[PDB]
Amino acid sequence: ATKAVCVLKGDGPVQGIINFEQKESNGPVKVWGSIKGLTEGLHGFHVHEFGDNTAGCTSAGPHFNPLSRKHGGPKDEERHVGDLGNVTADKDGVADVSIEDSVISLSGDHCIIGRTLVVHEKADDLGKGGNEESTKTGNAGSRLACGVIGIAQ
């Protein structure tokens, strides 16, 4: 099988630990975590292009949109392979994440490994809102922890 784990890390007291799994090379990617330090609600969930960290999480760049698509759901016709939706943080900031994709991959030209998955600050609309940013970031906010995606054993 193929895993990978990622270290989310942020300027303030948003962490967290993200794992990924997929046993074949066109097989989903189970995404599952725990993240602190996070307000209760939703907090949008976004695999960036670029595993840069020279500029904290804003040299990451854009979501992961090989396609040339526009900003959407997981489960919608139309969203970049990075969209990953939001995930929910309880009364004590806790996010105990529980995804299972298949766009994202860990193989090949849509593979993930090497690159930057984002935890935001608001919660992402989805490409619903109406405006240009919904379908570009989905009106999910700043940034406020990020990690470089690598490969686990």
Given for the second form:
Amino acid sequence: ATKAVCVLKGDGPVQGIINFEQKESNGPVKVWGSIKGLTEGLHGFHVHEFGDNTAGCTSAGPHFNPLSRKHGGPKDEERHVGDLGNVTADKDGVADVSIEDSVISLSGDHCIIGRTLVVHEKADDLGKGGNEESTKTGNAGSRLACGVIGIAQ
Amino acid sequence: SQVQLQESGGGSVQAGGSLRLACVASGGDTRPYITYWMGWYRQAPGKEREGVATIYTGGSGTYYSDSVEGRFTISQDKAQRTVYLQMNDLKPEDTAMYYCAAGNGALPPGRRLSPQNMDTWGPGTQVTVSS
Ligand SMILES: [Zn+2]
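Same protein, different state: after the form deposited without the partner chain, show the form solved in complex with the partner chain.
Let us now look at the entire complex, which starts with that chain.
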């Protein structure tokens, strides 16, 4: 039963804390937590390749893509491993994240600890935007906040 | 460079009347994802800073104090970056210098209408009521 945590911080008001739990190895991962400071609506929520922030969230790299696939949605088969879809910030800018994903893992080759979790500016179009940016970043906009996913107690 | 606030619309009024308190923000961080919790406040003669209402510039959340009820109504035009604090059904203990202010958009609940967690303040206009 592995557990992980990640603290989203950026150069803007957006700040959050997200927890990950995998009670069984190679099984579904529960991702729950809270983000604040967001604009009301949908926001991109992804896991990028590198846990690197020497130059901020931009140092995280692209969406964690170990299988060299196109960008899609959490339920799509054509997706990056880090494609977790969108989170919803309510009228108070609080996103109470609750997600369950079975492609990301806390171990193995799809393992995401030591990688960066990022919440974005715009909304992920799930790879259906009709441009080359849609099949890569989902037109989710700039990187609002990010954090290294580390082992938690 | 600094988020300057400027209030207006305040003055003298009688008990049981309306008085619009509008404040236009200027300067600072004008990127669209910057969010504040814009709150109107109250320094009564001899008291400390109170706090009447607050709104979110990144959504539509409105939080009020208990001293006020269905008497005030706070709204916003985001394009004009202006917050409107309607003030109808006024009583004589509302006499105070009403300032508006802006705090962090991720300010947790409760601390939203706290004057200590507030960043920048406005000059202020006095809203006196007569009975
Ligand atoms: Zn992706």
